[PDB]
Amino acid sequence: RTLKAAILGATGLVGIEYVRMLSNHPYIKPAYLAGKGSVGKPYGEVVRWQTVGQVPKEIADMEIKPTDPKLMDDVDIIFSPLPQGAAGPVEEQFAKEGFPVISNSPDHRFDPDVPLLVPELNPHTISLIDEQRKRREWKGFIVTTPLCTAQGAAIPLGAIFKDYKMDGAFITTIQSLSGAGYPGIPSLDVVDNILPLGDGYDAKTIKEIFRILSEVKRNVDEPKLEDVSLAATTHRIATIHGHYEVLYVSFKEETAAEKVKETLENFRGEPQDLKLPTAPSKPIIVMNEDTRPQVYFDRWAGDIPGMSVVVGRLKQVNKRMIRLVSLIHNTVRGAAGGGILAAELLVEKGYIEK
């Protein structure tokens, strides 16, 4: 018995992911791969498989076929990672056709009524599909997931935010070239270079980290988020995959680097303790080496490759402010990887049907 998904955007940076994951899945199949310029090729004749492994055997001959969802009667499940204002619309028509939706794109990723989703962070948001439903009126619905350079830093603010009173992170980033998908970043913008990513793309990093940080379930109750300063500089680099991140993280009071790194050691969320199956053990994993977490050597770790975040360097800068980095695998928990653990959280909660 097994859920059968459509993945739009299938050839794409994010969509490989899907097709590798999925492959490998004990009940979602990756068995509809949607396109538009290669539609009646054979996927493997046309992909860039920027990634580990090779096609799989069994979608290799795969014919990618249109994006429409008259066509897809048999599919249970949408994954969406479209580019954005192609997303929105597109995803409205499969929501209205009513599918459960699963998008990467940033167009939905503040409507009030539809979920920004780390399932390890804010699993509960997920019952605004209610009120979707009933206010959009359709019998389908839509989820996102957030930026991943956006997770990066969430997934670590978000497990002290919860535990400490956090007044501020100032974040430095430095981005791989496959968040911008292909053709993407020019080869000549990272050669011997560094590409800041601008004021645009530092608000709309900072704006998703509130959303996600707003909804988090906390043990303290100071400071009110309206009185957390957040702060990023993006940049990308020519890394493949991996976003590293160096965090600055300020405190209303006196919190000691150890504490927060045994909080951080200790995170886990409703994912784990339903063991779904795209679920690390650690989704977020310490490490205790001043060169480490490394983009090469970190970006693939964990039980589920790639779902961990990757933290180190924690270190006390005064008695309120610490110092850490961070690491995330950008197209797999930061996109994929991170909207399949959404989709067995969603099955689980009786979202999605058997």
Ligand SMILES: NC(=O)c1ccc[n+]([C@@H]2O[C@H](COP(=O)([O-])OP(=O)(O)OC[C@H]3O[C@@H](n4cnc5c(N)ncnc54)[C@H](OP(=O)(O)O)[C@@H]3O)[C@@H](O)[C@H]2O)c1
Second form
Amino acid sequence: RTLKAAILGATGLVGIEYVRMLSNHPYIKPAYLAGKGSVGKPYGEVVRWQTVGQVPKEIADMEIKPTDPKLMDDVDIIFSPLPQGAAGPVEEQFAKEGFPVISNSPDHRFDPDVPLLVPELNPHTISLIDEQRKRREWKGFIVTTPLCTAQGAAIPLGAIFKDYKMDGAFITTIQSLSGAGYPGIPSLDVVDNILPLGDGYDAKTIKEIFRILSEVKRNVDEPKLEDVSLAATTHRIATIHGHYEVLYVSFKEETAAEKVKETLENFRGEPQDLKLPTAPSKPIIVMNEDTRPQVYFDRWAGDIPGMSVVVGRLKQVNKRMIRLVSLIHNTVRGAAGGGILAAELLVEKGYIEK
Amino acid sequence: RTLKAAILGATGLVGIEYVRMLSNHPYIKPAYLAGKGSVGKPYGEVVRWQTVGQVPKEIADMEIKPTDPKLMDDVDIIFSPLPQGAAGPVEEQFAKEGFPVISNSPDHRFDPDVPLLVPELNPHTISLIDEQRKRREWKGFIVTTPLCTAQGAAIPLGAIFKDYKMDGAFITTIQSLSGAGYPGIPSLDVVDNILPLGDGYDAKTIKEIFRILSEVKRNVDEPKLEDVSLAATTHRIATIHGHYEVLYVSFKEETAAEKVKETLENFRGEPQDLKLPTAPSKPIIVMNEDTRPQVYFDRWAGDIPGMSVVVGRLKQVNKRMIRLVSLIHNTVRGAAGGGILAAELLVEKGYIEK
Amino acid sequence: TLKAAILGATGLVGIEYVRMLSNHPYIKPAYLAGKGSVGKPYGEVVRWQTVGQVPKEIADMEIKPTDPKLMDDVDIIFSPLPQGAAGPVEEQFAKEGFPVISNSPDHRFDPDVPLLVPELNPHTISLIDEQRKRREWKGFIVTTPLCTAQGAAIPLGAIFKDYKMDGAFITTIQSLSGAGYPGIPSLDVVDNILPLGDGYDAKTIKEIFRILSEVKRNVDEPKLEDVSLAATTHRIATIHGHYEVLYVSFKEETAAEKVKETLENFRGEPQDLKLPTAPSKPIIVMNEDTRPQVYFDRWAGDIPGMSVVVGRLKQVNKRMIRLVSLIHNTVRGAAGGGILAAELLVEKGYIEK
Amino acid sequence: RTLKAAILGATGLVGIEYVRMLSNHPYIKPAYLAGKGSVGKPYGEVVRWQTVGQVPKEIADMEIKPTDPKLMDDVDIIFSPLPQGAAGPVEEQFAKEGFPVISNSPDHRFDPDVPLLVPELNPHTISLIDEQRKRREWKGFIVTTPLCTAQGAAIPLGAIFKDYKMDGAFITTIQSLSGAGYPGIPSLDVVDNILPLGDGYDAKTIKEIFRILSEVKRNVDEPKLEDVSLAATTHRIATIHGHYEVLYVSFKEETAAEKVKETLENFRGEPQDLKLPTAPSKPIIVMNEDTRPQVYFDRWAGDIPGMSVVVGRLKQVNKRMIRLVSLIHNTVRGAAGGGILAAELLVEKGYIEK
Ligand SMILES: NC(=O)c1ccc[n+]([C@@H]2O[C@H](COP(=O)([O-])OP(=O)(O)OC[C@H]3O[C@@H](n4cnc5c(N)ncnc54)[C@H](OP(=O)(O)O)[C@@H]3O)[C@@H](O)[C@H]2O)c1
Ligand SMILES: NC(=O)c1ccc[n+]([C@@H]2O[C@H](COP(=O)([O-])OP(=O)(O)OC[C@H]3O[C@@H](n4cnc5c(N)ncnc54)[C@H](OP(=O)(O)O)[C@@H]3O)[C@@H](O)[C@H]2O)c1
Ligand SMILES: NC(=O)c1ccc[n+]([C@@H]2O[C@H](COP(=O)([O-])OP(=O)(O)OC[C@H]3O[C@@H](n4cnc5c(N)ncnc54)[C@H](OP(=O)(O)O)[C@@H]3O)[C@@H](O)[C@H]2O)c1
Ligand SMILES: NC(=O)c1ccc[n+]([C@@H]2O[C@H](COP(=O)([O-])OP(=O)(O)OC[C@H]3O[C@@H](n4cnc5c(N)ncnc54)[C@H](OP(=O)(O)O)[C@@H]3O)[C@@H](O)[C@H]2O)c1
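Complement to the form solved without the named molecule: the form deposited with the named molecule bound:
First the chain shown before, then all remaining chains and molecules of the complex.
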């Protein structure tokens, strides 16, 4: 019937989305709220509920418990949105104790035996678990979801690359504060200011996009991914949720904006075909107004709110270049929501027992 | 020997920069402050001094006077930052009454006998005045300055186009509130939001960049400007001053980021050679840190604060593509400061008598 | 099963009528009216500056003219119209026989028009009968007070009912939505605080006084004429939520702990009658010294946005306490208060099925 | 001759104001710039210049030096804006080495032998230095300046208390981000939010106000300060500088707002009588418009920008109650500026030699 989940980092900006979404989930229960600094306290009392609505009634009085595999014989699934550096070793201890771990943290994203999973783009990479368990000599496993900023690009770019001779994408991002966590970005960095994130962050963004694109099954074979040029210039400003990206996308041969638009509108993959509960009907929603999408108004779009990437502004720049913009909800699709969708995919494929 | 200026729209976001800058100018005097709504009242009491420092002491008691040429016998120069639509015909009346008019308004920016002037890029186009006067059959003249957002791009792009085989620039802008004037942008459009300006504004921005580039004297001759692809995706957020732009610039042939960076660092033009009072020593300042320029910290940079375009983040994307960002103070270089510098060039060239 | 028209349906108040009536057990949002936007699909023109998404069965409705003759089938008019335009329009609707629940200022001081906070002065709906006879109309007008006045008068009314309150000195830090759209320019509030000025301060206390003058008290000291009120009002860059700091003085020694229990226990006719939009706790009291906060508490309560959230109850001296209050300015402060008033009027037989 | 100052915490939000103001001071030079983390590096490269203008050119290349009494033989004055906890003992080490220490830190604010100094209000309390040197057995001394929030209230309240039977003041504050320092207040605490500071901060505020008021020499003797009731409810929002306060002020007997207004307009103290360089002409500036003062427009008011408290909105509430508002620049008057003014007074009264 129902799987009992633990949410690690349950009070954090990603944790609250697991709590919110799992409270309404048909078969995965938020059964165990883990923390460190606030172990012992009622969740409703200490959480910064920086998201829609209010802490779920049935969750407010639940006690925050230790992050300890041995206290968790009763848990079936581990969701892990832990800070970088701390996540890595914890997620291994859970896998070594036999748990399926779905991680939103960066630590394991480039391990060659760990899926870097966007369920609509590279669902077959869950097969990596087999080799992982064998070589790591553990009975559980780790899957990761990618950097939210990498997903806001990789989703529409992956859709495009599957059917077109895309040879470059040159990206500018304007990301929200919640992507940095709490305390995260100091207020003085973003009041009357735009904070560039710097070369390191630009680089890791395209690095993750390349891995995700390398794992997409294409309908055309040109150009080779090695010959695709990607670049990002990334920034944070004083928005709460929603990462906005402007993409100039180039092609090896003449490509019509209107054909690419239809490809984006019609985009679907295995989560849709399988009818997974958290799969949006329209993982890419395309808007036609020239002032949409906007962060405030469109970050909760779609039949599963916050699970759809919202694209718009599709326009021919020249015969071999188009402009589009994309908006992703950074803690729903970009983190917890993609993590729950991944869990549903793993359950359906037989990797996690119901 | 000195000149008396009138400042039309003196209380507006551009007008206050003319007031602030001219209060210290060695020879152009802010003598007549014009307006519509508050005519009769002291300047200091009606103005929203949304800029550095305080209303100048010898200005605050000056009365706001009508915009009427028949009241203006004693004035030598008109500065005109009037709204789109209202500006065109008023600017014509002033020219017909014999006044030199330096306008920051869009209305005359594409008249082929009217200069669209960035003093460092196309100073020779002041020559259009001779034909203008003949054909319009007036004794005065109109000179315009370009859209601030177009200058933020055209200054660095013009310096590059001069010396390199630039064949494309793909731009994303993150502009400040003050560019829209007052009441300008509603607060609800920009709190926890990014506001795209739309296809019209994107189109007019590149149209102005094309006209400016078409008038830059190049040291190379490939490609022809007709084969350069330009595109912009423009937005406003809740910054007060400073327009921030991300430029991906492509070349016809292999081109080194470090060479382009030196061309930018070394950029100077006729305003520097002439030592005009408002000419920055470094019309383009290059920063090397991967988190600079930042809007709050770098919008008043330079020996003439706010007159320099600040570029940074220079980086190779691939052999034929570089990334850079630029920051322009939208009401100093982008409007009043550019206008004062234009006037200084016209005075020095004998178009305005001293 | 009653049909409502929502006037000003695309406005910051109108979107709350649409959001809340979409799921109401018995009042259906049947007609969306406008001015500039008439003839367009509601979903295409609306700035949905509120939680969630435009309700699907409302997004496809066509915005219709604000015209009393075109509304044969409607039982209730909700009227969040601009000051000046509101007055005459609301009169035409009452004249045509419609119950008119108004959030606009125009009629708020007419002595035959309720200025209604359902938990504080529900008996003033009685004014309607004399209203209908003297104005000679079959419909009627009821108004809801200024959101800022409600943020103060709800907790001040609960206190005034049971304690010898003789003063309240108020500072407000109000949200941008209170001014509507285009409303407040962005340059007035970025890196700034915008005082609203003497007129707004004066109208806030004038409304509070009329409300307090209509509260049924359990004590009789001091007389209201001897109560001193003052407000200093401001807006900042918050989206919804009006936040108020109140220093409240009393004629005699009064315990903050007792006043805190009175606020926690406060209930009125809406709660007694179990009206669908009546919150269980019209006043919610928080204990943390950093709460309420605008972002986190403005949607509090079993009916989200309908409760006034109070906190920071503290003894200043024997005859003075400090508290703060937070009201959702378009839910409790406008449309949600309006809907609760409608349910009260239905229950009391003033609006017929 | 000039006095050579050391500025501790030179790169902080208070440090930058010492740097800016001392750069133009007639006789106190910013000679030694101290730090901890950034020791060794050029000041210009590491500072966040979150203030007006730019880092002074003669300062930019100065190296940040260790906070160590032994390196400072050449130093005549120490300005100390160090974090609470760390300041106490350090400021003691400097005084023990014979240095005059002007502190903005809270640590010694309530030592009964250490002045808690607002130069216009309690200038005679510098006398405390004599007992201080004797009892502590040190050649130097410590003087503190008060919490900026407390100064915003105590300046107007002290001018009133001097001449009226004031018996209560009930204060609400709306404070800026820079008052918390950097990284200071998290962005997520203030975007679309108001952050209450809590009971502790409300109490320390009135505790400091009482000490200040108790040291004001009055012209009336009722009521006794022990019988005055003070309360504050404090908050921060997303403003950069400037603390705004609403005060309801009660009196034991009938008192006219217009009379109190004139008292405020006319306020002056020893700093003005002595013509100290950093003493504003009008330490309280009174505005008449019912929408002034406003944080952005009035935080730099006055002939010494940022050194005047700006009051407005004077209004009769009842015969014994008035309402006013005050705005203080929190790092100028509220910190460095008041600190420099204290220094000038201490030099003028002969506590600091030359
Ligand atoms: N936010 C996004 O948009 C986003 C998107 C995708 C992925 N992610 C990733 O998800 C992770 C968390 O992000 P966030 O934004 O939610 O961070 P955050 O708001 O700073 O949350 C930190 C949370 O983790 C807990 N925690 C910290 N250290 C721990 C430890 N050593 N052991 C157990 N629990 C610990 C804390 O609990 P206590 O307070 O009880 O100690 C807190 O609940 C990061 O790796 C981030 O990169 C972020
Ligand atoms: N802001 C920028 O970044 C920027 C940069 C480049 C150029 N510009 C251009 O400069 C112009 C002004 O922009 P702004 O940002 O300064 O606008 P703003 O703040 O809205 O001010 C407009 C001013 O013009 C006056 N005015 C309006 N209509 C007039 C009329 N018919 N006759 C005479 N005076 C009139 C008003 O004076 P009263 O209120 O006393 O009537 C007001 O002071 C626009 O065309 C704009 O596109 C703006
Ligand atoms: N906002 C609050 O917090 C709040 C709270 C309490 C009460 N109120 C009151 O409620 C009223 C509405 O406020 P708001 O904040 O919703 O304003 P808003 O967002 O500016 O909305 C104005 C609305 O009224 C319509 N409208 C304008 N003029 C009209 C006319 N002559 N005839 C018919 N419809 C007209 C507009 O429709 P078109 O766009 O189709 O022209 C629009 O839907 C005001 O009286 C306000 O004082 C506001
Ligand atoms: N901001 C205001 O409005 C305001 C007003 C009045 C009073 N104050 C007081 O002034 C003090 C500083 O506040 P701020 O707002 O300027 O803080 P801030 O911006 O965080 O600055 C802290 C500064 O102190 C230095 N520092 C930190 N620990 C140190 C140590 N152990 N030894 C030596 N230096 C150390 C740091 O330099 P490195 O990083 O190079 O080590 C940094 O330059 C506080 O006590 C505050 O209460 C502030």
